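Peer 1: Here is what each chain is made of, one letter per residue.
Number of protein chains: 2
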Amino acid sequence: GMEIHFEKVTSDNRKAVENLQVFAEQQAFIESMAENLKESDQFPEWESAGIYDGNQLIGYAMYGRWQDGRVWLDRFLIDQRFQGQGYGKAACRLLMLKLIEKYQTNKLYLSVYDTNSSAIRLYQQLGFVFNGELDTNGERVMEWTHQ
Amino acid sequence: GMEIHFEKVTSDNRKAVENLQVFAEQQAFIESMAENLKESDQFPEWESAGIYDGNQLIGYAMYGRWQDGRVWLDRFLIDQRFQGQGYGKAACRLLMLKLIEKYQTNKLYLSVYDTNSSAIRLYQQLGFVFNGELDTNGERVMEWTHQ
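Sequence order for the protein chains is A and A'. A prime marks a further copy of an entry chain.
Each step along the first sequence adds one to the number in the authors' numbering, with nothing skipped, and position 129 is 128.
Each step along the second sequence adds one to the number in the authors' numbering, with nothing skipped, and position 49 is 48.
Quick caveat, the hints were computed from the structure, so don't treat them as lab data.
Any given hint could turn out to be false.
One copy or two, either will do: identical chains are not told apart, so a pair holds if it fits within one copy or between any two.
Result set (BS3-like, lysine-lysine): computed pairs, CA atoms no more than 25 Å apart in a straight line [said to hold, decoys possible]: (1) 101 - 7; (2) 88 - 7; (3) 88 - 106; (4) 106 - 14; (5) 101 - 88.
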């Protein structure tokens with residue numbers, strides 16, 4: 000029969016959870032995004048942004064200053080209707096420039112999963128490099144230092 | 000040409016952002032989930048859990064006590080390989096019981112998007128009712144009171 004139970008997330012299962020298959024769960028994604036927005040709205044340190052080309056919403060980003068004082072790109076998405084057309088690179092570059100304008104720092108941080116080859120390539124082309132650190136979710140950290 | 004810019008999220012665009020089309024962006028979802036886990040790990044008030052049937056990971060939940068003291072189901076997902084087979088209801092019921100066991104309260108809260116008919120039906124069958132409130136992301140709030 001069913002044997003339903005719940006486990007805390009640890010290194011033993013975190014990557015299995017990160018790989019939960021939620022393909023085509025359209026309504027589920029709406030709730031996921033609504034919860035993202037609830038969280039950024041409440042936490043003074045976090046900020047959500049719609050990414051536009053003119054009047055068309057083409058993506059989403061969440062970013063800001065964590066503790067101790069590092070500025071992270073936390074979430075970054077391009078709508079599937081508009082992927083493969085240069086928007087991710089152009090928007091990510093602009094956001095990077097906006098963030099080092101806003102904050103005193105010249106460094107930005109993000110982390111990536113190991114199978115995410117496109118993301119690694121995009122971030123590398125923009126100047127992020129692996130910095131030898133692991134984030135708390137086990138992802139490898141990348142860092143952009145603006146000279 | 001491209002006219003890339005970023006907008007703060009407000010009532011004017013929040014529902015457009017919630018409806019960002021990210022169907023089939025498998026690698027993107029991995030990063031979304033990894034960021035969910037990073038956030039729950041750091042915030043003493045939030046908790047992530049893998050949902051299992053025996054040894055098989057079948058879903059994910061994030062929950063906990065917000066401010067002022069309300070206990071929320073913040074994220075709840077069943078893997079697409081296992082949807083339509085009674086897992087959501089069985090796991091959601093068990094989590095509800097675990098939460099009122101843990102906390103002194105007898106009330107649990109969640110919010111839903113208006114088009115999410117399955118979710119509304121599942122939560123209603125488990126005893127959640129609309130309570131006349133709007134969450135900060137504009138979603139209608141539901142409440143379960145345990146007598």
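Peer 1: The structure should be examined with respect to each hint, and the outcome stated for every one.
Peer 2: To see whether the hints hold, each was checked on the structure:
1. 101 - 7: Answer is between; shortest inter-copy Cα gap is 15 Å, intra-copy 37 Å.
2. 88 - 7: Close across copies (20 Å), not inside one copy (36 Å); limit 25 Å.
3. 88 - 106: Classified as within: same-chain Cα gap 18 Å, cross-chain 45 Å, threshold 25 Å.
4. 106 - 14: Neither way: residue 106 and residue 14 sit 27 Å apart in one copy and 32 Å across, limit 25 Å.
5. 101 - 88: within (20 Å within a copy, 45 Å between copies)
In this structure, the one hint that does not hold is number 4.
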